[PDB]
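Chain by chain, the residues:
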Amino acid sequence: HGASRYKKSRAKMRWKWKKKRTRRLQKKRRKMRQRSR
Amino acid sequence: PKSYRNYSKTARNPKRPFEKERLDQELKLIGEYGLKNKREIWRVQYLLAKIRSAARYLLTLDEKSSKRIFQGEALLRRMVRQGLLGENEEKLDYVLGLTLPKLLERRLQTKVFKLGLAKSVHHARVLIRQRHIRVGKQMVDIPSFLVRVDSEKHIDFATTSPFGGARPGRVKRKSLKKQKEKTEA
Amino acid sequence: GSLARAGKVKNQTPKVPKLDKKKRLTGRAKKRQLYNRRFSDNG
Amino acid sequence: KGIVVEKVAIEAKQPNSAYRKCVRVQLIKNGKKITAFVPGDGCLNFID
RNA sequence: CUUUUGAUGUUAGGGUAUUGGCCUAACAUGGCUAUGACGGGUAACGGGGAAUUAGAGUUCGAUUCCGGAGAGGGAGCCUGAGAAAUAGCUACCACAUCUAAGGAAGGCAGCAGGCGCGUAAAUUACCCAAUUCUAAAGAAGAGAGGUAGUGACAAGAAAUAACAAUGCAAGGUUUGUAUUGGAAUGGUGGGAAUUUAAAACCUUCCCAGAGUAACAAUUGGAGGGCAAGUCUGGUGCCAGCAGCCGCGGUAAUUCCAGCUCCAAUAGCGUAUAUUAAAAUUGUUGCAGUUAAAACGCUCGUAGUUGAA
RNA sequence: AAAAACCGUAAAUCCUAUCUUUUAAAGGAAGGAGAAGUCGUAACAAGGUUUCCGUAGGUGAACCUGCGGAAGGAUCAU
Numbered sequence: 003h004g005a006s007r008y009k010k011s012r013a014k015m016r017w018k019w020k021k022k023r024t025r026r027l028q029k030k031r032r033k034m035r036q037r038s039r
Numbered sequence: 002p003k004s005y006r007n008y009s010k011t012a013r014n015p016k017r018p019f020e021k022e023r024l025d026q027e028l029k030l031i032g033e034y035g036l037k038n039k040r041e042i043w044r045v046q047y048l049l050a051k052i053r054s055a056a057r058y059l060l061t062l063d064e065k066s067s068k069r070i071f072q073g074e075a076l077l078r079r080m081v082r083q084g085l086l087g088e089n090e091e092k093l094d095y096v097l098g099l100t101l102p103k104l105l106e107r108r109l110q111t112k113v114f115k116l117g118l119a120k121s122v123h124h125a126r127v128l129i130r131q132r133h134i135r136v137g138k139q140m141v142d143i144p145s146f147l148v149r150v151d152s153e154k155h156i157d158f159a160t161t162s163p164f165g166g167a168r169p170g171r172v173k174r175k176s177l178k179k180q181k182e183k184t185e186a
Numbered sequence: 006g007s008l009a010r011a012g013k014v015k016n017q018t019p020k021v022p023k024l025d026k027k028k029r030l031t032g033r034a035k036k037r038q039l040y041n042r043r044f045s046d047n048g
Numbered sequence: 050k051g052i053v054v055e056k057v058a059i060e061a062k063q064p065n066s067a068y069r070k071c072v073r074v075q076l077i078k079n080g081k082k083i084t085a086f087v088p089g090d091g092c093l094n095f096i097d
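Chains as they are written, first to last, in the authors' numbering: chain Ag, 3 to 39; chain SE, 2 to 186; chain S6, 6 to 48; chain SQ, 50 to 97.
Any given hint could turn out to be false.
Under the rule of at most 27 Å between Cα atoms (straight-line distance), these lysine-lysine pairs were calculated in the BS3-like manner [stated by the list, open to error]:
#1 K82 (chain SQ) with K15 (chain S6)
#2 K120 (chain SE) with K15 (chain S6)
#3 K29 (chain SE) with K35 (chain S6)
#4 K15 (chain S6) with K39 (chain SE)
#5 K35 (chain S6) with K37 (chain SE)
#6 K37 (chain SE) with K36 (chain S6)
#7 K36 (chain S6) with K112 (chain SE)
#8 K39 (chain SE) with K36 (chain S6)
#9 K13 (chain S6) with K37 (chain SE)
#10 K103 (chain SE) with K15 (chain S6)
#11 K51 (chain SE) with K39 (chain SE)
#12 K112 (chain SE) with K39 (chain SE)
#13 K115 (chain SE) with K35 (chain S6)
#14 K15 (chain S6) with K62 (chain SQ)
#15 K92 (chain SE) with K51 (chain SE)
#16 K103 (chain SE) with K51 (chain SE)
#17 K35 (chain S6) with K21 (chain SE)
#18 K13 (chain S6) with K62 (chain SQ)
#19 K37 (chain SE) with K112 (chain SE)
#20 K103 (chain SE) with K120 (chain SE)
#21 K36 (chain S6) with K16 (chain SE)
The hints are simulated quantities; they were obtained by calculation from the structure and are not laboratory data.
Start from the sequences, fold in the hints, and give me the full structure.
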């Protein structure tokens, strides 16, 4: 959701690494779109 | 296209259908006054609630107010004609002081058995259905009828009821008996 | 899937009629019966 | 209104343990697929 | 955003019934805009209204009537006071009819009915007797309209018993609780008066016409919300039920059944839409440290409130 | 009167571009649910290296490190 993420009581992943992996996906998706279009 | 005749409901749905105390009080009242079903008491609730709402909307108005001194006098006069509020009752709080047995006292089935005629409340009900009554000059058969204070004065049997001097009794029984008597004679 | 068991309990349940019994009362009769059964006799 | 096509069992939530007789239907109003659970224990065979 | 194709205005003119960028020529460069224009959507004809209300409100408004538009979808046109009319005409396409093959004529979104669509909607009936219209205006037409027919769209009234004895319980000679048995009336069959343009229905009367009043009222449940069963059979993680929680592996209080009982009653279930519940859209009335939530911080125009 | 032109109203056909709505598509890359599958100790205690944030790089994955922060810390304290 918004900036009130993490709050790890739920025992989930680390939001920082989640963001890192999501940004890597963003980068490769942008590379694919540039190659295609 | 559409016919120009107005039409609207009479009985409102109580909501919350399973309250033990309200249901048992309804049972007590239905036993007391011998009506046929819950819808009738619901519509009586509607009528009483509408009267009370009118009373509130008239009480909210000021003193020497034309709207109150007109609409309220009309409503109290109608209630007096109905006989709900007596001579000593004259004010708006007394108007609000209506109650379910007070309103049910005026019905035909209660009135006829209160004054006599029948032996049971439901006996009076079935007699009203079998149309042996007359309000004076007119025969009625709807138990939900409401009489007036001067209308009670001349309630009695119907003119054409067999009890009242019409065709005496069972045609089948009497005719078989007279056949038997004539053949034996 | 093993869909060849639908209605198994329905098929294996035995069969009974509803007997004769009395014609259940209607109108004001049921209400009067219930009222006299639930206020006058009990104490 | 739709047309019954095929019959496939569907499982349930983990705490429960049973099978549900669900049937897929092809609609004629739109032309889509849906899955519907048939009520009644014997009604699975009561349908063509 | 608009402005070569009139956008905004001035001057003059054509045109119309009058006025006007309505249009023509010249001249000017103007008009709208976070008080949201220009655009896009609307499973959007507008209004008095309808649903719900403590009061605020939110939602539906094709739909008795007022106004607008249309008659396949654009275009045009005569007559006529008044039509850009469609049961008037012309032309195109898409349809489609008859056709001796050469050629003709077409618009049911009028009253009925057919096809197709979809869950979804009534008779190819009667009559202008009521309203009111048209004309050369009493005597003729009027699928405007009234009546009849189908009609559990909705709404209102009310039958499916009551009463006397006995026995039972309860009680100080009162209520209900199976036996007897006769009074009473609807339902129905019929005949009539009235009724209506005719016919029907109601209304009123007269014969037949109720005891198991065989002239019978059911739908849905009985673990909790939720009123009512650890009552009795069959099944045993299966079939299943269950709006949510949930029950079912041998006593199933929850499944399939019989009894009893329950809510409603000629009515109740199923689903979707929708309102209240919602003080979970909060103007009166929400919350923001930790549950969802005060921008990183400040200046700042429009807006908003402002000493006495 | 047929017939003809003219400014004009302008039907209808096609081309061009744009917009709006559904749909195909080899493969790629996500999410969810399912079932006792496979690999690990990541997190909850000082979780066995305190945890978390912002950012850059790296690893089979949970992750790790570097820099500057926060205590929601394991300290309210010579």
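key: Violating hint indices (sorted, rising)   = Of the numbered hints, 1, 2, 4, 9, 10 do not hold.
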